[PDB]
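Start from the sequences and build out the full structure, keeping to the hints where you can.
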Amino acid sequence: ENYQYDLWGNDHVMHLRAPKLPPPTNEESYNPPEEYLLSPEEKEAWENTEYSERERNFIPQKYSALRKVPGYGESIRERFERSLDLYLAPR
Amino acid sequence: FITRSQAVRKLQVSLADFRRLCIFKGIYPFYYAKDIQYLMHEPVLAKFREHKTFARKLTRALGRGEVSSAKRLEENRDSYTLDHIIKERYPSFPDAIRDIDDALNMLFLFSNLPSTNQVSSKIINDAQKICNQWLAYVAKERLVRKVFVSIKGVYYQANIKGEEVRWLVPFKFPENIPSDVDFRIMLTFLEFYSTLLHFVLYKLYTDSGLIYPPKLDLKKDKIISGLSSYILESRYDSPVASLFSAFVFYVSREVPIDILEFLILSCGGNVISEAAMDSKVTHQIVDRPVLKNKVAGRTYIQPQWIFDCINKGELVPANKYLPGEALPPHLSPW
Amino acid sequence: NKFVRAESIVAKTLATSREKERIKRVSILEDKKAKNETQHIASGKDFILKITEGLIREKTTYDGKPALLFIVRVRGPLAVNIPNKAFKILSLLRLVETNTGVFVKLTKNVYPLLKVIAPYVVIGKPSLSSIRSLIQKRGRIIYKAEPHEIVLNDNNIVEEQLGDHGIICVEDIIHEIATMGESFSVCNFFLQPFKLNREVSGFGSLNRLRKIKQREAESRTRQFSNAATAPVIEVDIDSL
Amino acid sequence: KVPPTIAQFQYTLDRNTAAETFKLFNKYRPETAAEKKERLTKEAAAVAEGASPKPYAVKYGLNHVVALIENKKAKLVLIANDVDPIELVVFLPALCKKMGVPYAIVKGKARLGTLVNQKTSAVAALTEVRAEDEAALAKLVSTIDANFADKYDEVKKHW
RNA sequence: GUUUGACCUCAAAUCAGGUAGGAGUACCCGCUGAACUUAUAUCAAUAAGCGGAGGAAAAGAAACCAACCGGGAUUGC
RNA sequence: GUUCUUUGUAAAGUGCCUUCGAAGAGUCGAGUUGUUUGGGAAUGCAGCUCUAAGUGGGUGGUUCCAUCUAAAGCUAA
RNA sequence: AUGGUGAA
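Protein chains in written order, with the entry's author numbering: chain m, 304 to 312, 318 to 399; chain n, 15 to 43, 62 to 267, 352 to 394, 405 to 460; chain t, 53 to 105, 127 to 217, 222 to 317; chain G, 70 to 119, 125 to 233.
Keep in mind the hints are simulated off the structure, nothing from the lab.
Wrong hints could be hidden among the right ones.
Computed cross-link-like contacts, DSS-like style, restricted to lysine-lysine with a CA-CA straight-line distance of at most 27 Å [unchecked claim]: (1) G:171 <-> G:105; (2) G:149 <-> t:54; (3) m:370 <-> n:446; (4) G:96 <-> t:64; (5) t:161 <-> t:198; (6) n:119 <-> m:376; (7) n:178 <-> m:376; (8) G:133 <-> G:172; (9) G:92 <-> G:149; (10) t:161 <-> n:161; (11) t:54 <-> n:161; (12) n:252 <-> t:72; (13) t:64 <-> n:254; (14) G:230 <-> G:149; (15) t:198 <-> t:217; (16) t:272 <-> t:102; (17) n:119 <-> m:328; (18) n:154 <-> n:254; (19) t:64 <-> t:54.
Distance ranges between label pairs, derived from CB positions [said to hold, decoys possible]: (20) G:232 <-> t:172: 54 to 60 Å; (21) t:241 <-> n:392: 24 to 30 Å; (22) n:211 <-> t:148: 23 to 29 Å; (23) n:88 <-> G:79: 28 to 34 Å; (24) n:210 <-> G:210: 53 to 59 Å; (25) t:275 <-> n:88: 22 to 28 Å; (26) t:225 <-> G:103: 24 to 30 Å; (27) G:147 <-> t:281: 31 to 37 Å; (28) G:110 <-> n:211: 49 to 55 Å; (29) m:390 <-> t:150: 45 to 51 Å; (30) t:241 <-> m:361: 32 to 38 Å; (31) t:289 <-> n:120: 27 to 33 Å; (32) t:54 <-> G:114: 20 to 26 Å; (33) G:201 <-> t:54: 48 to 54 Å.
A virtual CB, placed ideally from N, CA and C, is assigned to each residue, including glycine.
What follows is the structure, given as structure tokens:
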């Protein structure tokens, strides 16, 4: 019988701030315009640069077909970083 | 402020338990003395102390060589509840709906996560069930408005009470779990979000006059288990929800039936899948570079057509969505 | 290394002798049955036993129609060293590692091998949903020397590997495995069978009790008939 | 040094013999409070809506064990080697020898208590055993005798 | 197993449930305790001091009293 | 008095027949050094070398008999 | 004598 009762039917305090949500997407389409396809020279710089101090966490690519879209194993790391930031934000 | 070690000593609780309590209460830092002092009155601390006492007693019993006593102790034990902690952090339902973004993201990420030593298969199954319930509710209400297939995944946006909450779902491909991420911290968020989503789903079902939790179609659960297999029993706003009304589509093997079926159901169409085998369709969703069937009774289309139609609500002509030709560029809907 | 006591050696020897006798008897009976000299044997017709949750036992005969089966290692008996006769069969299916599982085609020629390796593994017929979930959750592709066993990630990799038989995506492999396709044998061998995670996967106060309970339940759910005409035991693999 | 009666203890059984004895004793663990309570509740429930044989358990009470000895009913007696009031157990080995009841000295009273659901058991003895373990009981008795009376025949000598 | 848990012991908690201090003191129960006063004896196992409860306190149902036809807890006259 | 409950092969008492049948140790006592009494058998109390048996031991009178069972405790008059 | 008080 759990979760069988309505609970309703908070950050206004000056010393409390709400958790800011992440911004929208940054044009990471699986089939984006060729302009978003970063050049190899700039892609090399993106790869070489350190982590967590990068403009983007991804390299947009022009995939021929939807069925050719690969997986994304870095989503776990991004979610872990978001979880860390949620409880490690000195508001 | 009081140092983290000072706060832990004042709470005389384990570091992992202290982190769990901080995550549950949303405390942030080097923490304010008043907040830590108030947190000491939470019943969760008493539950953690009871858990520690039970753990030591069970270790004693097991070492002594009495399995029956340990089994009896485990059976009588009960887990703590987060029902009341939710209300204080989210006094109003709209706040919970607004915050549901991270909860949905984490639940969907964990649903596709393969079973591992860190997380038992029961948690993954519960997350998958919660995701199925949420998807069924969204499809019934036809609240999907924005679809953006990306490298990270497909960015969904459900207009639950007009809050247009944006959530992401990763692909179904296997994921190589990195060792950098600590699942212990993520598990607390998983549990909190699971409880919050359970409560929110119950509230939504009650508001919509639907019995919760609905059962799952067994015959479908042996073939196309997922969103479609979760049948719901009770007892327009935008053109997007009205597109493909009374339409039947044939999804090919290559296409992600799981992603397409949800969108088709939300719009109001019907899905017939070849994989389910392992007739009266106006369109067939195929991704083969070249197809040999070529039946005039079916209008072959690509998923980009449905994506663009949902994003813009246009029902755009299929002049640039035939098989074997490049699709138009896909842009961010926001 | 650590000193080895006599009790363990004696127990291992006795268990190995019992297993060898069982295997010899089963092989002799199967060879005679294949020769059609069924005049004097305990039983001729094959039997398959299905056990499911309370527990219900169903005994059914085996027909010549091909069927899809899933086999998972069990790491048993405890004190039985795998004999050469079973070692060859396990090596052929490369299921030596514990918790490993693979898909095989059920045929008359495979029934004696399944009977021989019956105690060591648990078999059953999974549903389409279970097969799809297992394939989409875990997988391995050997990539270029080729010492890498990177997990399946891209559909284009599938095209590169096989290509010829239209296997261009994971769904093609899923269909070929679930259905009695021509490329069922080819894809299965290249699939690098899955390495399923162990059940308890933990150690501690609660973990020890859970493992003890699981071991206790295993004995009731799974049994070693050791009979010459022991039917193949099948469980609900969909639960796993 | 210590008198001959002292230092008689600490000459316990070897690893294998002690392990076998504890394994045999673990098959006759007396029902704990919860087990007995649930059995009684089940019996009451059966009686509410509408012939068992003699139960078998290990006798361990110091007074109870001493009463069992001197009547030749006991077959095996286990003696703790870490009894703080040593006088409570100094006489047990000699009394058992006089009565002829086989006896052994085991390491730790807590080990005896564990097999009887008690924090500390001074002694643990067996009176009656099932027919299945009767041969095992005789074999253990013979092994204990061989390893204690003959191996440690000087335990009662050389201060 | 270069490792875990038990038995035993020793300490901490502004933890939970509990109690002793002191006053009063005529009577009681124990320790201690002198001189005047009178020819070891005697004031005197008293005065004072110390510790402990009550409305009374101690003692109390014989390793008793008796040598009789035996009596039968202690207590006070 | 009025009643509501009784509970279960539960408990207790008497006579007969059979089989068993357990009692307090640095304790008594002796020795020695102080205290107590008007007490001749300092009994009683106090330090300490020593320290026993269970058809036994203590208390007494006569060559045997008489009484009790100490080294634990409660009890209103 | 007992019990206490003060103090170039």
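Here is what the structure says about each hint:
1. As the CA atoms of residue 171 (chain G) and residue 105 (chain G) are separated by approximately 35 Å, the hinted pair breaks the 27 Å bound.
2. Between residue 149 (chain G) and residue 54 (chain t), the direct Cα distance comes to roughly 37 Å. Violation of the 27 Å bound is thereby established for this hinted pair.
3. With a C-alpha separation of about 17 Å, the suggested pairing of residue 370 (chain m) with residue 446 (chain n) holds against the 27 Å cut-off.
4. Between residue 96 (chain G) and residue 64 (chain t) the CA atoms are separated by roughly 24 Å; this keeps the pair inside 27 Å, and the hint holds.
5. Restraint check for residue 161 (chain t) and residue 198 (chain t): satisfied, since their Cα atoms lie roughly 24 Å apart, inside the 27 Å limit.
6. Proposed proximity of residue 119 (chain n) and residue 376 (chain m) is contradicted: the alpha carbons are some 45 Å apart, above 27 Å.
7. This hinted pair checks out: residue 178 (chain n) and residue 376 (chain m) have alpha carbons roughly 22 Å apart, not beyond 27 Å.
8. Distance check on the hinted pair: residue 133 (chain G) and residue 172 (chain G) sit about 20 Å apart at the alpha-carbon level, within 27 Å; holds.
9. Taking the CA atoms of residue 92 (chain G) and residue 149 (chain G), the gap is about 17 Å. The hint holds against a cut of 27 Å.
10. Of the pairs offered as hints, the one joining residue 161 (chain t) and residue 161 (chain n) is violated, with about 42 Å between alpha carbons and a cut-off of 27 Å exceeded.
11. With a CA separation close to 49 Å, the supplied pair residue 54 (chain t) and residue 161 (chain n) exceeds the 27 Å bound.
12. Restraint check: the Cα-Cα separation between residue 252 (chain n) and residue 72 (chain t) comes to about 45 Å, which exceeds 27 Å; the hinted pair is violated.
13. A hinted pair counts as satisfied when its Cα atoms are at most 27 Å apart, and residue 64 (chain t) with residue 254 (chain n) does not qualify at roughly 42 Å.
14. Between residue 230 (chain G) and residue 149 (chain G), the direct Cα distance comes to roughly 22 Å. Compliance with the 27 Å bound is thereby established for this hinted pair.
15. Proximity of residue 198 (chain t) to residue 217 (chain t) is assessed by CA-CA distance (about 34 Å); at most 27 Å being required, the pair is judged violated.
16. Proximity of residue 272 (chain t) to residue 102 (chain t) is assessed by CA-CA distance (about 25 Å); at most 27 Å being required, the pair is judged to hold.
17. Between residue 119 (chain n) and residue 328 (chain m) the alpha-carbon distance is near 20 Å, which keeps this suggested pair within the 27 Å criterion.
18. Taking the CA atoms of residue 154 (chain n) and residue 254 (chain n), the gap is about 19 Å. The hint holds against a cut of 27 Å.
19. As the CA atoms of residue 64 (chain t) and residue 54 (chain t) are separated by approximately 17 Å, the hinted pair is consistent with the 27 Å bound.
20. In this structure, residue 232 (chain G) and residue 172 (chain t) meet the distance hint of 54 to 60 Å, their C-beta atoms being roughly 58 Å apart.
21. In this structure the supplied range 24 to 30 Å holds for residue 241 (chain t) paired with residue 392 (chain n), their Cβ-Cβ distance being about 27 Å.
22. For residue 211 (chain n) paired with residue 148 (chain t), a C-beta distance near 26 Å keeps the hint of 23 to 29 Å intact.
23. Remark: the range hint 28 to 34 Å for residue 88 (chain n) to residue 79 (chain G) is upheld by a beta-carbon distance near 32 Å.
24. Restraint check, residue 210 (chain n) to residue 210 (chain G): a C-beta distance of roughly 55 Å satisfies the suggested window 53 to 59 Å.
25. Distance hint check: the CB atoms of residue 275 (chain t) and residue 88 (chain n) are about 27 Å apart, consistent with the given range 22 to 28 Å.
26. Restraint check, residue 225 (chain t) to residue 103 (chain G): a C-beta distance of roughly 55 Å breaks the suggested window 24 to 30 Å.
27. For residue 147 (chain G) and residue 281 (chain t), the hinted distance range of 31 to 37 Å is not satisfied, since their beta carbons lie about 44 Å from each other.
28. Under the hint 49 to 55 Å, the C-beta atoms of residue 110 (chain G) and residue 211 (chain n), about 51 Å apart, fit the expected range.
29. At about 48 Å, the CB distance of residue 390 (chain m) to residue 150 (chain t) agrees with the hint of 45 to 51 Å.
30. Checked against the given bound of 32 to 38 Å, the beta carbons of residue 241 (chain t) and residue 361 (chain m), roughly 46 Å apart, lie outside it.
31. Here the CB-CB span from residue 289 (chain t) to residue 120 (chain n) is close to 40 Å, at odds with the stated 27 to 33 Å.
32. Range check, residue 54 (chain t) to residue 114 (chain G): Cβ separation about 52 Å, and the 20 to 26 Å hint is violated.
33. Remark: the range hint 48 to 54 Å for residue 201 (chain G) to residue 54 (chain t) is contradicted by a beta-carbon distance near 39 Å.
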